[PDB]
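Only one chain is shown below, in structure tokens, and it's the form deposited without ligand GDP.
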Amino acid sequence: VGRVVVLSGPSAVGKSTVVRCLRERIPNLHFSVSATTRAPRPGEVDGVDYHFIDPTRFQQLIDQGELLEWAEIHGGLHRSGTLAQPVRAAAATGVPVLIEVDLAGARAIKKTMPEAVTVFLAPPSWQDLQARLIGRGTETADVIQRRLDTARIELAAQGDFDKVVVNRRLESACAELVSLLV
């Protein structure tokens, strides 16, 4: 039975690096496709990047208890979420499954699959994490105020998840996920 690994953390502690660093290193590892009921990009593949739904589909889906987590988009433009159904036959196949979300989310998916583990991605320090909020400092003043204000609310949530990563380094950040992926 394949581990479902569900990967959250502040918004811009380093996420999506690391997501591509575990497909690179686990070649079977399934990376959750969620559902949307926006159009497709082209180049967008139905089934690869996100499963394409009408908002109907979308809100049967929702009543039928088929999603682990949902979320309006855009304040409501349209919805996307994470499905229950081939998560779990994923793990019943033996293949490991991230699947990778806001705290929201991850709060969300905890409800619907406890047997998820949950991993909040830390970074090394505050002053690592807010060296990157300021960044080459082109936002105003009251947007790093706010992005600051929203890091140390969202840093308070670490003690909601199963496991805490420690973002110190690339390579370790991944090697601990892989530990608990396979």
Given for the second form:
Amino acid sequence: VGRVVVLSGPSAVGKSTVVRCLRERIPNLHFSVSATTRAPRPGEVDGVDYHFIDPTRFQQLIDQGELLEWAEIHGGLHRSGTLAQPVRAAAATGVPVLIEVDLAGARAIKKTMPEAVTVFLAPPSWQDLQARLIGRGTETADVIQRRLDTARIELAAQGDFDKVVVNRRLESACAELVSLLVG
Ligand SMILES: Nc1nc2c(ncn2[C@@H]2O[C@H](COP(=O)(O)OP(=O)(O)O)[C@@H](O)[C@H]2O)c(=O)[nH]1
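Write the structure block of the form deposited with ligand GDP bound for the protein whose form deposited without ligand GDP appears above.
Whole complex next, starting from this chain.
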């Protein structure tokens, strides 16, 4: 049976890098393909980038308990979420599964699939995260303050997760995640 790992963290401690490294390291890793009700962009392939479904069908899936989690995107322009069945089928086939979501999505997945392993990717320090959020300083004081407040709230509840991987260095953080996925 394949492990299911749920990767989350602060909304900007940086995850598309770690995900890329993980997919290169584990040749048959299944990266969960979310359902959405927006339309495809040119270049997007149904079943690969998203599972493109229509608003009516998505509501069916909600009511039948077929989403591990879902949310309204841009205040309800459309919806996106994680489908239970592909994840369960991949795991029963023996293939490891990675789900990458925001913190609210990860909290919801722990309820619908408790055997999933939740991992919070933390920064090596507060000062490290703060420097990245100031960045080049092209954002106003009010926006930066709001991002610093948001990060503190999100960091303060890393205890709800099963595992904390501290992102000190790409190669060791990615190594720790490989151990969880195929160990
Ligand atoms: N909770 C939930 N949100 C999702 C899911 N997939 C994508 N989203 C959100 O939809 C938004 C925009 O999607 P898009 O611009 O195509 O690229 P993305 O941001 O990397 O997913 C992001 O804020 C995501 O957090 C999902 O499976 N579940």
